[PDB]
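Here's the structure we're looking at; comments come further down.
Missing here: one protein chain of the complex. Every other protein chain is in place.
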Amino acid sequence: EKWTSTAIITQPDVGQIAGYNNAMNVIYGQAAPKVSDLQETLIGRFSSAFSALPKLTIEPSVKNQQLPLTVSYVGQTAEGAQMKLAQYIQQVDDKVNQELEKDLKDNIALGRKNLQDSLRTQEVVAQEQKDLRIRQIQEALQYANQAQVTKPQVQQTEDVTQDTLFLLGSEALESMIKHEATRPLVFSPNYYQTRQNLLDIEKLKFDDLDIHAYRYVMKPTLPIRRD
Amino acid sequence: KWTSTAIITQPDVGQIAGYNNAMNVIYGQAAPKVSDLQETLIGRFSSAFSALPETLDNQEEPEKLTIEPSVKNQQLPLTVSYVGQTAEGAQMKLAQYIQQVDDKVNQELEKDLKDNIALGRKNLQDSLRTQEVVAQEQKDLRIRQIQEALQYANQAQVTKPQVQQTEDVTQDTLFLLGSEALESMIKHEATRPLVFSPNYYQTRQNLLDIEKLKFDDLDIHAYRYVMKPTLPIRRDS
Partner (left out) sequence: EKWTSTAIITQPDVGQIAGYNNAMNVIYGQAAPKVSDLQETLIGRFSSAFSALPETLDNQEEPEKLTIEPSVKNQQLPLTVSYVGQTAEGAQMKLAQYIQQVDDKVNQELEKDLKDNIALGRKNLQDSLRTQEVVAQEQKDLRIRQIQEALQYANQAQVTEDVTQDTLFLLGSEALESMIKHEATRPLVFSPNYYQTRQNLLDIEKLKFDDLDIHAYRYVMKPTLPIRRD
């Protein structure tokens, strides 16, 4: 005795995908895939996983149309065939959800690393620049004292450079040395952006986003008669 | 006995203009091309329709309803067919099943639009927030630099500006503005405007425009008739 249960599935909705898509935009920004590309990626991952299970069937519902897909199972009873089809759909859904959990955490790790490497480099540079400028201020103070330049001798600010700092006068130069510790670090234009981007990536968690690789057009049927 | 046929294809750019405008407003450059939306909409209609051939067959008295491409190896247009008992009945039931699907798809589209609006808003609010944090951190750095320069201006005992010509001031040349102007910059720290990229203003306005979107305003069509359900002049075979 043979009973066939049928279901029609298609790509998941933007609502079902919103969390993964948001996570992808937080990690990749403009380089993140379009919502429609993610939908196609997921139903493809689901279809390929179903096809490699390896009696069930997976075929396009309309000839020459990629979507939707008709899934079928031949059981011993109408209730069993329906049950087993829904179970196999859930089983595939979970395998795809697991391979999505891995890929996202790998992308988060790649994201975190590149951003921490970028911040570290910019921090080292900003400190080395502060350190050099301090040595330059220390050197300029010796020149200002020799030359008896106590008050600033600046007419145009452009005149003041890393090599003409003594023009600021020994009084202000001493103050700059005395107050070195509280002199702020100056970072490359994107530092703060990079640091905020990293904070937002750390806020991501797969458990928050309940992602689905498919959507039901028609749930598994209860066959009225046998084949 | 009697077959009623209809031919349906993707909606026209005119029929889709509203949904495409809503999509453009939500995603900007990331929005799908007009031709991709047309395929998505006929895709959503045909997918919903494909449940009916299966459901109508799994009845006590099975009904025959078909959805196939009109020309072999061509995705569009699609031929929808219904086998009825009478000519008037076959036509009536085909049009009813097309209307039934049309209603379900309109509801799916209403939910889709609000889901996309929610996603678009999240992305734009995340963008504005980030940009605001950056602009504040940049302002905060400048105030710290002014605070440091005020200590130098006081030690050098320079109260009035010391400079005639000045393009820009640096950490080392700020004290030349004098302790009087530097104190004023600190006392008014709060009212110093934040400086944002031109993208910021685009993003903020784009968020305002998303809030203006309403489903009832957009007359959306998921298909276009090539041929409405026929009235068969004679029975089959």
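Per-chain numbering from 1; labels A and B assigned in written order.
Operating definition for what follows: a contact is a pair of C-beta atoms (placed from the backbone, for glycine too) under 8 Å apart; a residue touches a chain by one contact, two chains touch by 3 or more.
Touching the missing chain, out of B:48, B:76 or B:222, is residue B:76. In the complete assembly, the contact with the undisplayed chain comes from B:174, out of B:117, B:174 or B:213.
Only one residue from B:30, B:128, B:218 or B:227 touches the chain missing from this view: B:227. Even with one chain removed from view, chain B keeps its contact list with that chain: residues 5, 7, 9, 12-14, 17, 20-21, 24, 33-35, 70-74, 76-77, 79, 142, 146, 160-161, 163, 166-169, 174, 177-178, 180-181, 183-185, 188, 191-193, 195, 198, 201-202, 205-206, 226-227, 230-233.
Note that in this section only the chains that are shown with their structure count from here on.
Spacing of chain A relative to chain B, judged by their CA centroids, is 20 angstrom.
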